[PDB]
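**Q** Spelled out from the first residue to the last, the chains are:
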Amino acid sequence: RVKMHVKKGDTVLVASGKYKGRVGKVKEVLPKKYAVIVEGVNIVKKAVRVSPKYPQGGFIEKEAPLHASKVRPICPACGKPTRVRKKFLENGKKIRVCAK
Amino acid sequence: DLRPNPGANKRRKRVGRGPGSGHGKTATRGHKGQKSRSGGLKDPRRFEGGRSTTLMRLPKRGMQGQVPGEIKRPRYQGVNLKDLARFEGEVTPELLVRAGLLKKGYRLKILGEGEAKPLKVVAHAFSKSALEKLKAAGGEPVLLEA
Amino acid sequence: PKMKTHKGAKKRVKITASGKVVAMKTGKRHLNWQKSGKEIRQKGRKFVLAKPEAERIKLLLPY
Amino acid sequence: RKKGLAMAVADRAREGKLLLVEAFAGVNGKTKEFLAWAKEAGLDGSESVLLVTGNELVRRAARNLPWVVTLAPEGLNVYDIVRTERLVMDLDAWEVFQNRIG
RNA sequence: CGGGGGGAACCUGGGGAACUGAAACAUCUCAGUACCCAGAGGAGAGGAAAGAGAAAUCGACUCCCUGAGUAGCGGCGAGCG
RNA sequence: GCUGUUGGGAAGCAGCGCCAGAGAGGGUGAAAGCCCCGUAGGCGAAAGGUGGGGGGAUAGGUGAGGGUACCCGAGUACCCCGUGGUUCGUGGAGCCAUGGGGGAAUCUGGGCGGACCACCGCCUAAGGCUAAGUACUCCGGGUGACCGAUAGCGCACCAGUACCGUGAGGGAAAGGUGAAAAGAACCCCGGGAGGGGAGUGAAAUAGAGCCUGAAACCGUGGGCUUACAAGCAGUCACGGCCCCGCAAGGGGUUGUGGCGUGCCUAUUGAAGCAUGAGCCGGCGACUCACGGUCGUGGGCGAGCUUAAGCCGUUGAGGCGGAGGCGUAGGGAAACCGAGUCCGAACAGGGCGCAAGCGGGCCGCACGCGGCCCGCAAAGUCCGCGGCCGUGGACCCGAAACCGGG
RNA sequence: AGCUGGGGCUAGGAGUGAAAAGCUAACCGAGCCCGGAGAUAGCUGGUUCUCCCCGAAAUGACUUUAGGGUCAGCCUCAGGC
RNA sequence: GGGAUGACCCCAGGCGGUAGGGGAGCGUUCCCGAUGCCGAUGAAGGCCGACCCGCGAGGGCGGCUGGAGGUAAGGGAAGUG
RNA sequence: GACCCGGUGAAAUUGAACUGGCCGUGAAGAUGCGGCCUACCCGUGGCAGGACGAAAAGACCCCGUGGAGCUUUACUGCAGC
Ligand SMILES: [Mg+2]
Ligand SMILES: [Mg+2]
Ligand SMILES: [Mg+2]
Ligand SMILES: [Mg+2]
Ligand SMILES: [Mg+2]
Ligand SMILES: [Mg+2]
Ligand SMILES: [Mg+2]
Ligand SMILES: [Mg+2]
Ligand SMILES: [Mg+2]
Ligand SMILES: [Mg+2]
Ligand SMILES: [Mg+2]
Ligand SMILES: [Mg+2]
Ligand SMILES: [Mg+2]
Ligand SMILES: [Mg+2]
Ligand SMILES: [Mg+2]
Ligand SMILES: [Mg+2]
Ligand SMILES: [Mg+2]
Ligand SMILES: [Mg+2]
Ligand SMILES: [Mg+2]
Ligand SMILES: [Mg+2]
Ligand SMILES: [Mg+2]
Ligand SMILES: [Mg+2]
Ligand SMILES: [Mg+2]
Ligand SMILES: [Mg+2]
Ligand SMILES: [Mg+2]
Ligand SMILES: [Mg+2]
Ligand SMILES: [Mg+2]
Ligand SMILES: [Mg+2]
Ligand SMILES: [Mg+2]
Ligand SMILES: [Mg+2]
Ligand SMILES: [Mg+2]
Ligand SMILES: [Mg+2]
Ligand SMILES: [Mg+2]
Ligand SMILES: [Mg+2]
Ligand SMILES: [Mg+2]
Ligand SMILES: [Mg+2]
Ligand SMILES: [Mg+2]
Ligand SMILES: [Mg+2]
Ligand SMILES: [Mg+2]
Ligand SMILES: [Mg+2]
Ligand SMILES: [Mg+2]
Ligand SMILES: [Mg+2]
Ligand SMILES: [Mg+2]
Ligand SMILES: [Mg+2]
Ligand SMILES: [Mg+2]
Ligand SMILES: [Mg+2]
Ligand SMILES: [Mg+2]
Ligand SMILES: [Mg+2]
Ligand SMILES: [Mg+2]
Ligand SMILES: [Mg+2]
Ligand SMILES: [Mg+2]
Numbered sequence: 002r003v004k005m006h007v008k009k010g011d012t013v014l015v016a017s018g019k020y021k022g023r024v025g026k027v028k029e030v031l032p033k034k035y036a037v038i039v040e041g042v043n044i045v046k047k048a049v050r051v052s053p054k055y056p057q058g059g060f061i062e063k064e065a066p067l068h069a070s071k072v073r074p075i076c077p078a079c080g081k082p083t084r085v086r087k088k089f090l091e092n093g094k095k096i097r098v099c100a101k
Numbered sequence: 005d006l007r008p009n010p011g012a013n014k015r016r017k018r019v020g021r022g023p024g025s026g027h028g029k030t031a032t033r034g035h036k037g038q039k040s041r042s043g044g045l046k047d048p049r050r051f052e053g054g055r056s057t058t059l060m061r062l063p064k065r066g067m068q069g070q071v072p073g074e075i076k077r078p079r080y081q082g083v084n085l086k087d088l089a090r091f092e093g094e095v096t097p098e099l100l101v102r103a104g105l106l107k108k109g110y111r112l113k114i115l116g117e118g119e120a121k122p123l124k125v126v127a128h129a130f131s132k133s134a135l136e137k138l139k140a141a142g143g144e145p146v147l148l149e150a
Numbered sequence: 002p003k004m005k006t007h008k009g010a011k012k013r014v015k016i017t018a019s020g021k022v023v024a025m026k027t028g029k030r031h032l033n034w035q036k037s038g039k040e041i042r043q044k045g046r047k048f049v050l051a052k053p054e055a056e057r058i059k060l061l062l063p064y
Numbered sequence: 106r107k108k109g110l111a112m113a114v115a116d117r118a119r120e121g122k123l124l125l126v127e128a129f130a131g132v133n134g135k136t137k138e139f140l141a142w143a144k145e146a147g148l149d150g151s152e153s154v155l156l157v158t159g160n161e162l163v164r165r166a167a168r169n170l171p172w173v174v175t176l177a178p179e180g181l182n183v184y185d186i187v188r189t190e191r192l193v194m195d196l197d198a199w200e201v202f203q204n205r206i207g
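Chains as they are written, first to last, in full-length UniProt numbering: chain A, 2 to 101; chain B, 5 to 150; chain C, 2 to 64; chain D, 106 to 207.
I should point out that these hints are in silico values taken from the structure, not numbers from a laboratory. Backbone N, C-alpha and C define an ideal beta-carbon position, used for all residues, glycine too. There could be a bad hint or two in this list.
[Claimed, not checked] In silico contact screen, one side only, chain D against chain B (beta carbon under 10 Å); selected entries:
1. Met112
2. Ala113
3. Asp116
4. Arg117
5. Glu120
6. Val187
7. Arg188
8. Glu190
[As the list claims (entries may be wrong)] With a straight-line Cα cutoff of 20 Å, these simulated SDA-like cross-link-like pairs (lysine to any residue) come out:
9. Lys46/B <-> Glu56/C
10. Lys108/D <-> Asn13/B
11. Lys11/C <-> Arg49/B
12. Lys11/C <-> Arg65/B
13. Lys11/C <-> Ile75/B
14. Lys5/C <-> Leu45/B
15. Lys64/B <-> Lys29/C
16. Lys59/C <-> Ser19/C
17. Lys15/C <-> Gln68/B
18. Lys15/C <-> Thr58/B
19. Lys46/B <-> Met4/C
20. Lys47/C <-> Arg65/B
21. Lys21/C <-> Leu62/B
22. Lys5/C <-> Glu52/B
23. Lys12/C <-> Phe51/B
24. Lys64/B <-> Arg30/C
25. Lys26/A <-> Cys99/A
26. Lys11/C <-> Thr58/B
27. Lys113/B <-> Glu144/B
28. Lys29/C <-> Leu59/B
29. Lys11/C <-> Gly73/B
30. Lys12/C <-> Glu54/C
31. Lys64/B <-> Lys44/C
32. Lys107/D <-> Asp5/B
33. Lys26/C <-> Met60/B
34. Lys46/B <-> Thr6/C
The task is simple: from the sequences and hints, build the whole structure.
**A** Structure below.
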């Protein structure tokens, strides 16, 4: 609603910057930030050494959100924008000389 | 032509007059320098002194007007011969408005200086000198009122 | 907005074609008796100078 | 407003950058087409062109071209004429152009 | 069967000042403005002539432009119009 | 619309392509028509509001001559007294409304056309209803030669809040790390707050009321210089010292000598012991509209010009001659007119008028016919500027006055 | 003619007042708030960048005028002789 | 005066100056120019300069900072110093 | 209390200051001008002669055709009678 977009829980390419050319699976959509996740971009989160679940250690991070505009879908080829087909009754998205 | 230099020629001068700076119109402000320079005077035109201005002259130009208003009466508008010369045929009002003088001013009265010409002229009044010159070849449509 | 013409002027002055202010001579509305014929007689019309520009400004539109 | 309107066209004319036409071979308002016709007519896109025609189809044709200023004949102003290196006019536009002069 | 109460401005009606201007002031102006009160509405008012005004004329009312700062009103002052 | 390259990050730059009824704009690590949201264009409501705009259907309504002469809005018309409105202020004061007194008639009636009469003419009061065009903007949306956190609404932020006041009421300040918290785990000093290493980052004097970070103000270090001088603090000239430079030559400091009455305002007159200012930064004062009068750049010229509005576009302009100013001036006016007014006066006298052109240039009139010429004779319209009039009219400031609370 | 708690009434040309023009929410010869309102102020203060040319007055008449004004005189700018 | 008008050379004068009149400019915000041009090899802004150009208001050039905007030549508006 | 030490730490005012005396000068009462005479630099406790010391745009005086409270056989109105 007003904030829907291009991709979801599928395979994508990253034409971004530092991690250009990278390709990854389900990007856990936000979308209240227009970011995703993929398996790219990692950093080093300090993480204080508290017992809860990090009993003495601290310096492990997860996957950076990554602004959704920097990713592009890929199917039976490389990138390419996206088109929409009727499905003769329901509704589905197809590429441009490809599918879904 | 082109975007550059289409600019106003010679005298455009927008440069108004700002009075604020050591050079030009400082302090006082390009005039003033005393007091009674703040929001205005009283005119002068007619006003001030504390005297009689110049309302001592009497208005013998009587007949100011009664309350009901001015009296509706037919007003006449002149037009010398010099003008008319311009065109031939039969000159008439309406025909004169849809051209030069008159224009609704009501009631045409041809007259004065200029040479007459062989052409009928429909009017409402005629000066002596008009009837004269025109007798020497030319119209005379007078009377009207119908 | 839109100047108004001064009715006290129009009612007592008239502007000629050359642009000259003209008005009635003053001094004969109730002095008469021990005034010579020459006085009362010499009451026609007259000009005005320097004052007709300040004067003319009030008969703006009537021209 | 008359003279001005006239003197504009004049200048452009004298420079040799005026060009009234009729041969709008680029039919159905498609940018593609109009671009081809311009190529064969000498309008590469290196000079601003004030295209004034009463054909709504040729209107849509250009418009989107950064070097073309589309306009109908009744709306022919002098400002636009002076801000465009070249003047291409429809013949039907050159009609009302006359009529709008003394 | 209705009403009561509210709503930024805008509308109508009933009431309705003074500073100020007149280089003092009382007629006059500011002004039937500000403000109070009542009522009506997405609008209100007005509206089929006991009209206008001089044209053998026009043809309900309302709103814009001219008429026009004209005609006129005025301690014929300031000014109102 | 991919690849390449510089880069922390391409959308930049390079090569080679493509769309366009879409090249408005916004966002993505920087500046992108082709990555994202969109734009041109084209679709779409079961339900609820709106809606004669297009359809029908009801309610209601339509005639002619001749008679009678019954009806045609009552404490009303009309008259007087006291007032209000209109431009109308007692004025020659009508017309519309009405507080008091008196007080008719029904078309042979009755009001009006500016006191009142007489002709001529206009219209039917004392019952009521009636859309559209007009006004406004809490709300929605679109635009901006509108502001950009002292501006713009009082408020960009948890504001009509904190706070003041009994109360009515008054009423603020205060926005920003970064592309992304990756916002600093752990170690050292320390009770902590704070630092120092290390680490994230392109950048950390971008480290968290953190972008840039000026000035006043307070420090630490270095150079020059002061304890026999004295002065609106500077300035000119030599000298010494220290820096820069190859050197002529500059920069900084000031020992001695000369010369020297701050700034502003107000004033006849100030360094003044007359006003005002602690210092720094920012807000702060000749504007706008409508008329007028001069000058000016232009358009057209015996003419010039449009207002409201209609049609267009969606930063496009046309149309619209109702009207305005000028071509004639005098006279209070009737009126006449290049004249008019005072006057018996073709005496006088006051106001007014008496404008072309050098002439572009030849017809192959050895003319000026006419056209051309420039304001012109002569004026209008628009722009611009000076000043004036009316509005707060250059800005701040009263003691007071009135209305409602 | 006592002091005092609580509860009540009277107010802006109005109250109340063993009377001073006292008090009326720390200032009363007419309270306070908001509005008219940006009242008016012939008075005081202030009025911002640079350079070039010219360059005054502090007089006269009239003024409920006298520290303010209108006209003339004196400065400047453009056109003409 | 040379004419050659080329604003470029000569000759001779004038150039203290408050209120005021006049004439030239500088800089600030915004608009057309702009679907442009300048910019990460660093825009605006800030801190220095003994350098350059203007009589001057200013404008350039260079070094550090700064981190995303700025806008010529010619013209148009004004909350402009 | 003042005075010294330890702790916390205001204010009005303030053109800037490198702030001596006498004769004299000057808008006629000089740290600041002139001549001369004194005078090493910086402080603490104290006195108040001066800085026409601070504070409050003199409340006495005058001016303004400013305001307000009051009076009466000033003018003109109004309630009431
Ligand atoms: Mg797309
Ligand atoms: Mg200015
Ligand atoms: Mg100024
Ligand atoms: Mg001067
Ligand atoms: Mg002053
Ligand atoms: Mg004086
Ligand atoms: Mg005044
Ligand atoms: Mg285009
Ligand atoms: Mg009064
Ligand atoms: Mg009064
Ligand atoms: Mg008065
Ligand atoms: Mg209605
Ligand atoms: Mg009135
Ligand atoms: Mg790339
Ligand atoms: Mg590209
Ligand atoms: Mg009967
Ligand atoms: Mg009836
Ligand atoms: Mg009655
Ligand atoms: Mg009657
Ligand atoms: Mg009638
Ligand atoms: Mg604010
Ligand atoms: Mg409280
Ligand atoms: Mg930084
Ligand atoms: Mg930033
Ligand atoms: Mg030191
Ligand atoms: Mg020594
Ligand atoms: Mg000295
Ligand atoms: Mg004095
Ligand atoms: Mg003086
Ligand atoms: Mg002083
Ligand atoms: Mg002193
Ligand atoms: Mg003083
Ligand atoms: Mg002081
Ligand atoms: Mg005031
Ligand atoms: Mg009680
Ligand atoms: Mg009290
Ligand atoms: Mg109180
Ligand atoms: Mg008022
Ligand atoms: Mg001189
Ligand atoms: Mg004197
Ligand atoms: Mg000089
Ligand atoms: Mg701005
Ligand atoms: Mg800027
Ligand atoms: Mg300003
Ligand atoms: Mg102590
Ligand atoms: Mg000393
Ligand atoms: Mg002395
Ligand atoms: Mg001395
Ligand atoms: Mg001591
Ligand atoms: Mg003591
Ligand atoms: Mg005083």
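**Q** If a hint holds in the structure, say so; if it doesn't, say that too.
**A** So, going through the hints one by one against the coordinates:
The closest approach between the C-beta of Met112/D and any C-beta of chain B is roughly 8 Å, which is under the 10 Å cut-off, so the hint is satisfied. The beta carbon of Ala113/D comes within 7 Å of a beta carbon in chain B, closer than 10 Å, and the hint placing it at the interface holds. The restraint placing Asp116/D at the interface with chain B holds, with a minimum CB-CB distance near 5 Å, inside the 10 Å limit. The closest approach between the C-beta of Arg117/D and any C-beta of chain B is roughly 8 Å, which is under the 10 Å cut-off, so the hint is satisfied.
Hint status for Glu120/D: holds, given a least beta-carbon distance of 9 Å to chain B, under 10 Å. Contact between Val187/D and chain B, as hinted, is supported at the beta carbon level, the nearest pair being about 6 Å apart and thus within 10 Å. Nearest Cβ of chain B to the Cβ of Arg188/D: about 6 Å, under the 10 Å cut. The hint holds. With a least beta-carbon distance of about 9 Å to chain B, the hint placing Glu190/D at the interface is held under the 10 Å criterion.
About 15 Å separates the Cα atoms of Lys46/B and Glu56/C, which keeps this hinted pair within 20 Å; it holds. A threshold of 20 Å between alpha carbons decides the hint, and for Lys108/D with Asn13/B the separation of about 18 Å falls inside it, so the pair holds. A C-alpha spacing of about 15 Å is found between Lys11/C and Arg49/B, which places the hinted pair at or below 20 Å, so the restraint holds. Between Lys11/C and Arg65/B, the direct Cα distance comes to roughly 9 Å. Compliance with the 20 Å bound is thereby established for this hinted pair.
Taken as a hint, the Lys11/C and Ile75/B pair is honoured in the structure, with Cα atoms around 19 Å apart against an allowance of 20 Å. Straight-line distance between C-alpha atoms of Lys5/C and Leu45/B comes to about 18 Å, which keeps the hinted pair within the 20 Å bound. Of the pairs offered as hints, the one joining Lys64/B and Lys29/C holds, with about 11 Å between alpha carbons and a cut-off of 20 Å not exceeded. The straight-line distance between the Cα atoms of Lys59/C and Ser19/C is roughly 17 Å, inside the 20 Å bound, and the hint therefore holds.
For the hint linking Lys15/C to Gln68/B, the alpha-carbon distance of about 13 Å falls within 20 Å, and the restraint holds. For the suggested pair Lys15/C and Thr58/B, the alpha carbons sit about 15 Å apart, so the restraint of at most 20 Å is met. About 15 Å separates the Cα atoms of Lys46/B and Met4/C, which keeps this hinted pair within 20 Å; it holds. Taking the CA atoms of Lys47/C and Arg65/B, the gap is about 14 Å. The hint holds against a cut of 20 Å.
With a C-alpha separation of about 18 Å, the suggested pairing of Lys21/C with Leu62/B holds against the 20 Å cut-off. Restraint check: the Cα-Cα separation between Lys5/C and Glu52/B comes to about 19 Å, which is no more than 20 Å; the hinted pair holds. Proximity of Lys12/C to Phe51/B is assessed by CA-CA distance (about 17 Å); at most 20 Å being required, the pair is judged to hold. Distance hint between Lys64/B and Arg30/C is fulfilled; the C-alpha atoms sit about 10 Å from each other, no more than 20 Å.
Distance restraint check for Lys26/A and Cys99/A: the Cα-Cα separation of roughly 19 Å lies within the 20 Å cut-off, and the hinted pair is therefore satisfied. Taking the CA atoms of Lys11/C and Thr58/B, the gap is about 14 Å. The hint holds against a cut of 20 Å. For the proposed pair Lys113/B and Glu144/B, the alpha carbon gap of about 12 Å is at most 20 Å, so the pair holds. For the hint pairing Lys29/C with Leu59/B, the CA-to-CA distance comes to about 15 Å; that is within 20 Å, so the pair holds.
About 17 Å separates the Cα atoms of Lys11/C and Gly73/B, which keeps this hinted pair within 20 Å; it holds. Under the criterion of a C-alpha separation no larger than 20 Å, the hint pairing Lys12/C with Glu54/C is consistent with the structure, at around 18 Å. Distance hint between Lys64/B and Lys44/C is fulfilled; the C-alpha atoms sit about 11 Å from each other, no more than 20 Å. Restraint check for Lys107/D and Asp5/B: satisfied, since their Cα atoms lie roughly 16 Å apart, inside the 20 Å limit.
Between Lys26/C and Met60/B the CA atoms are separated by roughly 10 Å; this keeps the pair inside 20 Å, and the hint holds. Using a Cα cut-off of 20 Å, the hinted pair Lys46/B and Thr6/C holds, with the two alpha carbons roughly 16 Å apart.
Every hint, counting from the list given before, is met by this structure.
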